[PDB]
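Q: Chain residues, written in single-letter form:
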Amino acid sequence: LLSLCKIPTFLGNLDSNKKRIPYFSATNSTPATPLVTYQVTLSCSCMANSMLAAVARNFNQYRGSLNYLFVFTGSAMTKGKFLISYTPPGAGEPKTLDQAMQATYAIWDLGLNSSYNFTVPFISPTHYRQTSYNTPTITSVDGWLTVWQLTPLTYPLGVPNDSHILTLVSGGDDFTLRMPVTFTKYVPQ
Amino acid sequence: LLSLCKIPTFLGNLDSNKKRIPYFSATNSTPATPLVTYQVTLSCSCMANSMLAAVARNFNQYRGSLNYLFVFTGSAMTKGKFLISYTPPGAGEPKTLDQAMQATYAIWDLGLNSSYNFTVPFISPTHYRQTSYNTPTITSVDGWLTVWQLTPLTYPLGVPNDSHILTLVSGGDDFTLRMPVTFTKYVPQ
Amino acid sequence: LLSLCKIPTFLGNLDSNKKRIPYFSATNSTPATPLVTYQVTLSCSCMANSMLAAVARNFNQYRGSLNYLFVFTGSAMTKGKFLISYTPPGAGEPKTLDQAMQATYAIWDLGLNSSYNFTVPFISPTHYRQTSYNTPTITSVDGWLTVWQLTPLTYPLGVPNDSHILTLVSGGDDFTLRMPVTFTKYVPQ
Amino acid sequence: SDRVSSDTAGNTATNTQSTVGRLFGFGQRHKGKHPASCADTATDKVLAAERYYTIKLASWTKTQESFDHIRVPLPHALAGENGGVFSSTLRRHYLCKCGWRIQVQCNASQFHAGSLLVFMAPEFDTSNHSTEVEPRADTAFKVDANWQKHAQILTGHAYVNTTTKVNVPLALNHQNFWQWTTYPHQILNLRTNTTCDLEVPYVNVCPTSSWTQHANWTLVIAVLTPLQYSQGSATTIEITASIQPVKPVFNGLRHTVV
Amino acid sequence: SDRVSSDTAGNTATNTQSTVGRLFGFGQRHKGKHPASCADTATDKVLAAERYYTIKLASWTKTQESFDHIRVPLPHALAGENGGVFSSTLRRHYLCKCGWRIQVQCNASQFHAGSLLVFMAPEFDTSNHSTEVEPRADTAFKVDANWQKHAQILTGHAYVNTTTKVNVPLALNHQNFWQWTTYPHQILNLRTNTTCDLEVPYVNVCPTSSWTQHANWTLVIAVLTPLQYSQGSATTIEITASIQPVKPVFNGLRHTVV
Amino acid sequence: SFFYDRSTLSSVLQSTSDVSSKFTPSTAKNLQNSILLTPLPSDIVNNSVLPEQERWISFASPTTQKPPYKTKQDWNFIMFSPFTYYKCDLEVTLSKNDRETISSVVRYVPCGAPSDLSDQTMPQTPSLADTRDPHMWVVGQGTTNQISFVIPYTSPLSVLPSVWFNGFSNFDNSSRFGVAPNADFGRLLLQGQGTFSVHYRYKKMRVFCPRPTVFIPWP
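Chains as they are written, first to last, in PDB author numbering: chain B, 44 to 232; chain B', 44 to 232; chain B'', 44 to 232; chain C, 11 to 268; chain C', 11 to 268; chain A, 34 to 82, 89 to 188, 191 to 260. A prime marks a further copy of an entry chain.
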């Protein structure tokens, strides 16, 4: 079943009308706040419908790397740089770019290659971490992944101001799950 | 000190308001006259503030190659070709492209690589040449370096008509200076 | 002459009437402030008449350990513990025992042996340090040596409340002076 | 004689002239190995943090009775500003793993009488017992400001009101002090020594500690025999301690706690 | 292609896709050797301090002229709270010795034109020049908030009133920017690269630095060719930098500076 | 090494007191009777007892707007010092400006050492010679009115700043920003009648970190 967990699947981002979409927007500006924020928990509502979460829901604990794949869908004429950061817990969510870049991060530069494969290192006080929880604990919630706009998306005339970046997740190369269980049942709709 | 002489430094070109700038302009046309003209003398007012000239001012004679570095700063969408010519003295300054291309020259084509490293060959009746002079002599003035527009700078819509080409100089690989001296003093301002 | 510098000689402490004495007092209490404070400079007025300073005055720079010898002269029935601290500069003089014990220190416990040989380690940004100065600089002033009362001097009835601790200084085992010079002359009195 | 002992740690050094040796709890020492539960390479061997932090603990008077005690929660006792670089590094890390090297000091005279029990205990209740209020982050891990009485802990102390206490015979934070001697310890007998030297390794329910939520070790000083002395003898008898975190290793670097 | 480069430092990593290589000033690197002028064993190999600290530097507009620049005093630019553990450790030490690994970032487009000179210079005047007032501790080592003009530094800038300035032809803080290219550098040509990578070793008048009094290194970003672009192209062009102290070693531990 | 290994005019000294007298710091039309050994500008700064290193050059005349300058320096060094730091030994040459038989005593004081501007300890003796510091004494019709000698680098600094020093020299940062502490080769105190010109020759010259030269007005 791990095979499935490693297949990058779509994250559910919120539309301006609170609708769920597989991408986020970026334009010619650099917000002082992150474009998107994903709490690293296989319980994140953000990855609720990814194959990774679908499988993880049937297991008690996980361990290993997580891969967050970002695919730039803007025009070929659009350029820009993002700073993808993974902030371990303990001091709360990063409030500024200064704080975000003080944790684990990678700068994603747009160009010929369309996507960036970002890995959230497995940094934990325990060897395994819970897949879900009632209330967040230090063994079920592991920080946040935020993507910032380092430089504004830049482009020439005749190009739409908004670019869409597809977002996906999956378990990394050394990712594993264990202890088969049944998740909290629900009524489909 | 030769190390310094080999570091490409900026030439002082004249602005439309007679102001000094580190570049010259080019556009969608091919003038019948050179875009810029530098007399090959380490005394040229044009290179007066380059490290090359600054060091040469403290020496009596030089010998060897001179490197004129041109860096295209126009847009990535702008194309064009320049004809950089070095005319040895004896028949005066070249008045037309026909005359310029009859001397030492290289055609610079714009594209992926941004700059062109042009070398003014050391062509002299004497083994060494004077760094400065009261009146120009055949041992202190060695001709001219002129850059012409072979083909007009060409580009699509939405691109500024004027492109700026940075201009720098330095001693070449086989360039040397000799005889330490003090240059004509002046009052800073 | 170094032989002389290594002979422990008396420091000049201030009497309650501002008179100079070779010792300081201690009693059945633990002050929140140091009993004595010596700035580590061979220029200290405190060691002005020690052989160490007398010799150092005729040299430009020193290097190496300094030995501060303390001799307990109280009764054999008197007990107690002192905390001798050497605080390197940069954050100013230590204001509390908490600050003093955060630097180099040794706890001196009274008993059979009467004296404690304390060494001020040579901690310096420079290999050598100035013997004197007009104004204190980072190459002429090296911090402070303060002695605190860790536990109160304790004793039985029939014993004077005040105990006298003799204080001496000298260069350590690896102490050296260099560059013979003449010190600022003065009129004896 | 052979009782003169000096111990160096970074830019600090303790000295005693009446030592009875150093007792190693569980005969173990914290070797400073990185926790296998963390993928990030730990920050360790920080010389500025591997030193002795000395603090005043309490005043011993004739009014203290056998088993009255003072508690020193660890690492919290040093998580404040006076914890130097150990503290500033600790506050900026999610996890910390370390042992403790400690020397408690207390002198009197050949004419004073009395003794103290100096020991280290894991999972030793450090919460406030002078209230029926639930312990909180800022009241659970504090160094005792006053001597703690002994009667109210034999059967524990439930955080419930006085009338309910009647139907609550035992609480899990109970401490049968008659056996406190089973914890790694030493005794500070005024006639014998003025210092006690202990050292314990790292123990906990897990590989490394989320210290912000847990004070796994507690240094405790309890009187065994009440202080006595005659008219004329020094009346001010104080207790001090030099605490050194042994080879602390930190994981999970983040912004500081407030 | 071969222009994609990633560089790791602690828990940080820079990435570029238009690198032209890394230039090592003086072909040297700070090896992290302890200063022979200090007897105390230095504090070093602090992973939490050996990382990249990223900060926004300035906005590049069409109004900037050749040689207008921004200065970044070192280590001071990172001596503030945002200097993380490098800062908190630095502030508590009398001396610090280190090199610098830096990457300045700035993107535009294939339709923009202009270039910057990114260089490191030792003993490069970082004092304020918009006044005749003597530089002070809190005004001498600050990262430029505004672009600095170029004319007022060719012959230096004396801290004397405007009328005296007339009889003062040259000041030792002069900077003949026509030769700024003799300093270890790289050029950020909008058509070529969006990043510059430099690294310099430790140089100074002495073995280690009493940093509180001296900013021996200065990162400088000067425009060589003015920014140009046509109507419709992105107008917001900003400059950033990732600064990493290379193997910093600290000596003279003490209480913090304020 | 070769370029800087030659004597260049770098200072001028003047004294109106005889050899056998007490040396007393004096100034006369911008000329002191003592010198600070440094190629950089030096002069009395804010009424200092002896010359200190300046941070800028000023004209001697308040009107002319033309040299001479009131500050002392090696013009050739200031106008051409394309480096940030330098290291070397100093060969000093001192020459009497006229042919009147010389009779002078010069005292050399190592970088940062005590100036010792004390009284004579014995009657009718040159106070400058009353020292163990290196000093020179030239006098008579057999002499050739000059003195030359070489001194080693004596500064406590590893290398000297050639142009600017971006910092203060004291711990309360109250000094004149831009001037490094003890950035010189010592001082020369002179007594005896006459005006003497001084030359510096940089022995085993070593330079570090290339930097801009002094700007020159556009022709």
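A portion of the hints provided could be inaccurate.
[What the hints assert, rightly or not] Here are the simulated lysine-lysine pairs, DSS-like style, with alpha carbons at most 30 Å apart:
| id | chain 1 | residue 1 | chain 2 | residue 2 |
| --- | --- | --- | --- | --- |
| 1 | C | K43 | C' | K257 |
| 2 | C' | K55 | B | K138 |
| 3 | C' | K159 | C | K257 |
| 4 | C' | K257 | B' | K61 |
| 5 | C | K175 | C | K41 |
| 6 | A | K62 | C' | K43 |
| 7 | C' | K72 | B' | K124 |
| 8 | C' | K43 | A | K126 |
| 9 | A | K244 | B'' | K228 |
| 10 | A | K244 | B' | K138 |
| 11 | C | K257 | B'' | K138 |
| 12 | A | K245 | B' | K228 |
| 13 | C | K257 | C' | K72 |
| 14 | C' | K55 | C' | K72 |
| 15 | C | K55 | C' | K43 |
| 16 | B' | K62 | C' | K175 |
| 17 | C' | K159 | C' | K55 |
| 18 | C' | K41 | C | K41 |
| 19 | B' | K49 | A | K245 |
| 20 | B' | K228 | A | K55 |
| 21 | A | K245 | C' | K175 |
| 22 | B' | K228 | C' | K175 |
| 23 | C' | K175 | B' | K61 |
| 24 | C' | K43 | B' | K62 |
| 25 | C' | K159 | A | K105 |
| 26 | C' | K41 | A | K245 |
| 27 | C | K43 | C' | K55 |
| 28 | C' | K159 | B | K138 |
| 29 | C' | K175 | A | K55 |
| 30 | C | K41 | B'' | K138 |
| 31 | C | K66 | B'' | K138 |
| 32 | B | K138 | C' | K257 |
| 33 | C' | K41 | C | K55 |
| 34 | C' | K175 | B' | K122 |
[To be verified] Partial pick of chain A residues on the chain B'-facing surface, computed with a CB cut under 7 Å:
| id | residue |
| --- | --- |
| 35 | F36 |
| 36 | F116 |
| 37 | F122 |
| 38 | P149 |
| 39 | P153 |
| 40 | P251 |
FYI, nobody ran anything at the bench for these hints, they're computed from the structure.
Heads up, the beta-carbon is just placed ideally off N, CA and C, and yes, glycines get one too.
Q: Each hint: holds or not?
A: Do the hints match the structure? See the list:
1. C/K43 x C'/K257: Cα-Cα ~23 Å, so holds.
2. C'/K55 x B/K138: holds, 29 Å
3. C'/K159 x C/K257: violated, 52 Å
4. C'/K257 x B'/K61: Given that 30 Å is the threshold and the Cα spacing comes to 49 Å, the pair is violated.
5. C/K175 x C/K41: Answer violated: C/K175 to C/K41 is near 44 Å, above 30 Å.
6. A/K62 x C'/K43: violated, 52 Å
7. C'/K72 x B'/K124: Given that 30 Å is the threshold and the Cα spacing comes to 26 Å, the pair holds.
8. C'/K43 x A/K126: Holds, at about 23 Å.
9. A/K244 x B''/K228: violated, 35 Å
10. A/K244 x B'/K138: violated, 53 Å
11. C/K257 x B''/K138: holds, 29 Å
12. A/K245 x B'/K228: holds, 27 Å
13. C/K257 x C'/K72: violated, 56 Å
14. C'/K55 x C'/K72: violated, 44 Å
15. C/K55 x C'/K43: holds, 17 Å
16. B'/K62 x C'/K175: holds, 25 Å
17. C'/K159 x C'/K55: violated, 40 Å
18. C'/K41 x C/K41: Since the Cα atoms of C'/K41 and C/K41 sit roughly 28 Å apart, the hinted pair holds (cutoff 30 Å).
19. B'/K49 x A/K245: Holds, at about 25 Å.
20. B'/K228 x A/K55: Between B'/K228 and A/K55 the Cα gap is close to 41 Å, so the pair fails against 30 Å, i.e. violated.
21. A/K245 x C'/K175: Roughly 36 Å between the alpha carbons, so the hint for A/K245 and C'/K175 is violated.
22. B'/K228 x C'/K175: The given pair, whose Cα atoms are some 20 Å apart, holds under the 30 Å limit.
23. C'/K175 x B'/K61: Holds, because 27 Å separates the two Cα atoms, which is no more than 30 Å.
24. C'/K43 x B'/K62: Status violated; Cα separation ~50 Å.
25. C'/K159 x A/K105: Holds. C'/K159 to A/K105 sits at ~28 Å (cutoff 30 Å).
26. C'/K41 x A/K245: Given that 30 Å is the threshold and the Cα spacing comes to 28 Å, the pair holds.
27. C/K43 x C'/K55: holds, 17 Å
28. C'/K159 x B/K138: The given pair, whose Cα atoms are some 34 Å apart, is violated under the 30 Å limit.
29. C'/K175 x A/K55: violated, 38 Å
30. C/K41 x B''/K138: It is violated: about 35 Å lies between the C-alpha atoms, which goes past 30 Å.
31. C/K66 x B''/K138: holds, 16 Å
32. B/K138 x C'/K257: Roughly 29 Å separates the two Cα atoms, so the pair holds.
33. C'/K41 x C/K55: Measuring from Cα to Cα gives roughly 19 Å; hence the hint holds.
34. C'/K175 x B'/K122: violated, 49 Å
35. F36: Status holds, d = 5 Å.
36. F116: violated, 11 Å
37. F122: Violated. Min distance 10 Å.
38. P149: violated, 30 Å
39. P153: This hint is violated: A/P153 lies away from chain B', its Cβ roughly 37 Å from the closest one there, beyond 7 Å.
40. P251: Constraint on A/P251 satisfied, holds at 6 Å.
Comparing the model with each earlier hint shows violations of hints 3, 4, 5, 6, 9, 10, 13, 14, 17, 20, 21, 24, 28, 29, 30, 34, 36, 37, 38, 39; every other hint is respected.
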